[PDB]
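Could you build the full structure based on these sequences and the hints that come with them?
Protein chains: 2
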Amino acid sequence: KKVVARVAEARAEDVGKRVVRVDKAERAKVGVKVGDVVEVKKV
Amino acid sequence: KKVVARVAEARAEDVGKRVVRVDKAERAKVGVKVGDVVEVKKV
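Residue numbers (the authors' numbering), protein chains in the order written: chain A, 1 to 43; chain A', 1 to 43. A prime marks a further copy of an entry chain.
Hints are not guaranteed to be accurate.
Covered by chain A', per the in silico footprint, the following chain A stretches (three or more residues, Cβ under 8 Å) [what the hints assert, rightly or not]: (1) 2-12; (2) 16-26; (3) 29-42.
Once the Cα atoms are required to be at most 30 Å apart in a straight line, the calculated DSS-like pairs of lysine-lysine come out as [unchecked claim]: (4) A':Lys24 x A:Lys29; (5) A:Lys17 x A':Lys1; (6) A:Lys1 x A':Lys24; (7) A':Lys33 x A:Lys41; (8) A:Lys41 x A:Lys29; (9) A:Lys29 x A':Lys2; (10) A:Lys33 x A':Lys42; (11) A':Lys29 x A:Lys24.
Derived DEER-like restraints, expressed as beta-carbon distance ranges [said to hold, decoys possible]: (12) A:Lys24 x A':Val43: 14 to 22 Å; (13) A:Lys24 x A':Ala28: 28 to 36 Å; (14) A':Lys2 x A:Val34: 27 to 35 Å.
Keep in mind that the hints were calculated from the coordinates and are not lab data. We put the CB at the ideal spot given by N, CA and C, even for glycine.
Written out as structure tokens, the structure is:
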């Protein structure tokens, strides 16, 4: 269905874990900043 | 609008960068594995 998540800053602890990278240009495209709620959906 | 991205494994280089964490249970909920295309949308 969909995942409700938050944009975060990757920490040392996150290495090796699954993530979706969102760079600054992608963040400007969708209008998000660290801490914002986003929806992650399979294509 | 929306961001088209891929589930990845966070590397050492990703520390300090913005990401959306998707743990195994979230991955089972949406049906994704590392390498899969997902859409990231602002709420």
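Verification of the hints:
1. For the stretch 2-12 of chain A, the stated coverage by chain A' is satisfied: 11 residues place a CB nearer than 8 Å to a CB of that chain, which reaches the threshold of 3.
2. Taking a C-beta to C-beta cut-off of 8 Å, the stretch 16-26 of chain A contributes 10 residues in contact with chain A', enough for the three needed, and the coverage statement holds.
3. With 12 residues having a Cβ less than 8 Å from any Cβ of chain A', the stretch 29-42 of chain A passes the three-residue criterion, so the hint holds.
4. Using a Cα cut-off of 30 Å, the hinted pair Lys24 (chain A') and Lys29 (chain A) holds, with the two alpha carbons roughly 27 Å apart.
5. Restraint check for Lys17 (chain A) and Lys1 (chain A'): satisfied, since their Cα atoms lie roughly 27 Å apart, inside the 30 Å limit.
6. Simply put, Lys1 (chain A) and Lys24 (chain A') have alpha-carbon atoms about 15 Å apart, close enough for the 30 Å limit, and the pair holds.
7. Annotation: proposed proximity of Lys33 (chain A') to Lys41 (chain A) holds, straight-line Cα distance about 12 Å (limit 30 Å).
8. Restraint check for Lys41 (chain A) and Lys29 (chain A): satisfied, since their Cα atoms lie roughly 17 Å apart, inside the 30 Å limit.
9. Among the hinted pairs, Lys29 (chain A) with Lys2 (chain A') is consistent with the structure: their alpha-carbon atoms are about 7 Å apart, no more than 30 Å.
10. For the proposed pair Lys33 (chain A) and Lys42 (chain A'), the alpha carbon gap of about 10 Å is at most 30 Å, so the pair holds.
11. Restraint check for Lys29 (chain A') and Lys24 (chain A): satisfied, since their Cα atoms lie roughly 27 Å apart, inside the 30 Å limit.
12. The hinted window of 14 to 22 Å between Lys24 (chain A) and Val43 (chain A') holds, with their beta carbons roughly 19 Å apart.
13. Taken as a hint, the range 28 to 36 Å holds for the pair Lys24 (chain A) and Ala28 (chain A'), whose Cβ atoms sit roughly 30 Å apart.
14. Distance hint check for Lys2 (chain A') and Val34 (chain A): the Cβ-Cβ separation is about 19 Å, which falls outside the suggested range of 27 to 35 Å.
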